[PDB]
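There are 2 protein chains.
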Amino acid sequence: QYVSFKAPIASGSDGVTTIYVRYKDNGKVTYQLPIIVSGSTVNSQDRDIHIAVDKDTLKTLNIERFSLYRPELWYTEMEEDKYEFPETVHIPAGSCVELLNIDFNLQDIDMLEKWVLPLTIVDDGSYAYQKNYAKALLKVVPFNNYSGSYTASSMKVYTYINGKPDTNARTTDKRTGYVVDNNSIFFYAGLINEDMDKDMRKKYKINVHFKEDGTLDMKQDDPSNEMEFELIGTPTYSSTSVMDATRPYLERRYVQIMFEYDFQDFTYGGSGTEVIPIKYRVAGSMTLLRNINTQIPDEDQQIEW
Amino acid sequence: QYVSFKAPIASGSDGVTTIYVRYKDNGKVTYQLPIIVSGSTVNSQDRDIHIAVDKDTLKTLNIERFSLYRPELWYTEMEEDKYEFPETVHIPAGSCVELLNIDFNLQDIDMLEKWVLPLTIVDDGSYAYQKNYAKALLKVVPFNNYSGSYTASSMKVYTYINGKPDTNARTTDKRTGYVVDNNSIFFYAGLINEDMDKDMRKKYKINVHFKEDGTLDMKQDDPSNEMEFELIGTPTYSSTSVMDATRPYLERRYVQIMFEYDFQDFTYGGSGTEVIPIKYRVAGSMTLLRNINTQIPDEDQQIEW
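Going down the list, the protein sequences come from chains S and A. When we follow my numbering, the leftmost residue of the first sequence carries the number 1, and every step to the right adds one. When we follow my numbering, the leftmost residue of the second sequence carries the number 1001, and every step to the right adds one.
Next up, chain S with everything else stripped away, as it sits in the complex:
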């Protein structure tokens, strides 16, 4: 008999399982990860299963998938102050499933990092035991009603040429809005590469807060505003929902944000080099879609990621 974890979905291309947790009140939220005892026979042993954080597996993955020369793409071990779970789970004889309640404290989580909580089963509760251990690499993705991958086809980015925005504009197909708290997220300015050197990419964060009246606050995260961020006008948002025609139960929820700002990219030359800043005017809208199975009433479970 083999004891293992069962996340809601299969692990991705490299071995990481993405889990979605809602940022709620002061950001404390619980995630329940099933521990399963698989076998042809009925589990006939009382099993005290031991779980431990596995520093090493994560490092190995990073090297294998991204190499030593691309640390900017590496996963980062979740901080000890951000989670708790019991070291031992008890599965009585006659049972074969029990839940590992992982309790997260997401307050002030910095989603610049791709956080991963690596869990390994260091003892499956069976007699003797000393071969090959069950693992779970949880990529924890907090979310609120305003986070995820925004379609960005209507966002235009103009280069300042001779002190005025050029007539030609660049665009990309999507931008990621990361959670800050229950009703705030952040994006990286303009078309800044979301996988760029971390020390520099953090400098281009734009915090966005959704207000009750349908207006956004948008402000650079960097207190010294090195990117010279400058909001133009008053940014706006709208939330709308319709049912799909084909899947009558499917609710499609749209959050569209409208904005216009200036900023400068001053890190395009690489780390530790001072370069002439390239100023950009960013203008248009982005829209986030959220697909919901109405047949399910629970607000978290109903989302189809």
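These are computed hints drawn from the structure, not numbers from a lab. Not one of these hints is a red herring.
Chain A is nowhere near these chain S residues, computed Cβ spacing over 10 Å in every case:
| # | residue |
| --- | --- |
| 1 | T18 |
| 2 | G27 |
| 3 | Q45 |
| 4 | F66 |
| 5 | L68 |
| 6 | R70 |
| 7 | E77 |
| 8 | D110 |
| 9 | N145 |
| 10 | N168 |
| 11 | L191 |
| 12 | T215 |
| 13 | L216 |
| 14 | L231 |
| 15 | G272 |
| 16 | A283 |
Computed cross-link-like contacts, DSSO-like style, restricted to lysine-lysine with a CA-CA straight-line distance of at most 30 Å:
| # | chain 1 | residue 1 | chain 2 | residue 2 |
| --- | --- | --- | --- | --- |
| 17 | S | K198 | S | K139 |
| 18 | A | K1202 | A | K1174 |
| 19 | A | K1114 | A | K1198 |
| 20 | S | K279 | S | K174 |
| 21 | A | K1006 | S | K24 |
| 22 | A | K1028 | S | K28 |
| 23 | A | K1024 | S | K24 |
| 24 | S | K24 | A | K1028 |
| 25 | A | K1219 | A | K1028 |
| 26 | A | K1024 | A | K1135 |
| 27 | S | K6 | A | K1024 |
| 28 | A | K1082 | A | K1114 |
| 29 | S | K6 | S | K131 |
| 30 | A | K1202 | A | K1055 |
| 31 | S | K28 | A | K1024 |
Ranges of calculated distance between the beta carbons of each label pair, as one might list FRET restraints:
| # | chain 1 | residue 1 | chain 2 | residue 2 | range |
| --- | --- | --- | --- | --- | --- |
| 32 | A | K1028 | S | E299 | 18 to 26 Å |
| 33 | S | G233 | A | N1026 | 53 to 61 Å |
| 34 | A | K1059 | S | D173 | 55 to 63 Å |
| 35 | A | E1079 | S | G284 | 53 to 61 Å |
| 36 | S | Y254 | A | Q1032 | 21 to 29 Å |
| 37 | A | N1207 | S | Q32 | 29 to 37 Å |
All C-beta atoms, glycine included, are put in the ideal place defined by N, C-alpha and C.
Given chain S, put chain A in place with the hints provided.
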């Protein structure tokens, strides 16, 4: 635009939607029924939707499906003391889904009846309105960890012939265990028809209580014990769970009950006729299966009915 209810599953053969609600603490439980605004366009109206219990639709169904001459098969309108829900639900412009919180008080519910809560939308919140109204016929089926359809192929029923049980035994493929409370259910004795005249069928109820130590209490419900129920030995039960081989996430939970008793059928001649009772010895076991999707952590949502 059309406003309607969306239960988790489609309605059955006749127009009734079965919903499963867990009997919990003192039996108070909430069921959330989605109200959906379907359309090609975005809902542009603030809508105050009115819901009302619909006595007439239910009566019509009973006649259509079972006829006036088979009232024993009729659905029965749920009692007003057993449920509450708000008469009005508000769906703001820009939204298209909102939940009708139906709050049930299941304490002392008598599951001899096939309870149905008939809901109709008497006003969809749109302008004017006076044609053809949205309806929902909820067959409310309480459940605990021990209720449902037990496989009964190992339950033998012997007829007393000349004061001793015969060597030949009769069997059926299944028997229904109905909820009484969080850890008690009832069955109808032996092979008594579960769709028989109600006034008589109630007399054959056997209450079954699951104790912490793996023994059952089994006692006739009828205080005067007209069926002359008599427990033989001490009935037992066992609960077991394994994972399916084909669907690795599927947990199969079995509750097997073992028992032996005597009783008499004294109503086989029809209503208001006194007949010679036919005594039966019932002996063997029944087993209830409960299929669980482990990938889902919520105890109610995870069941596959």
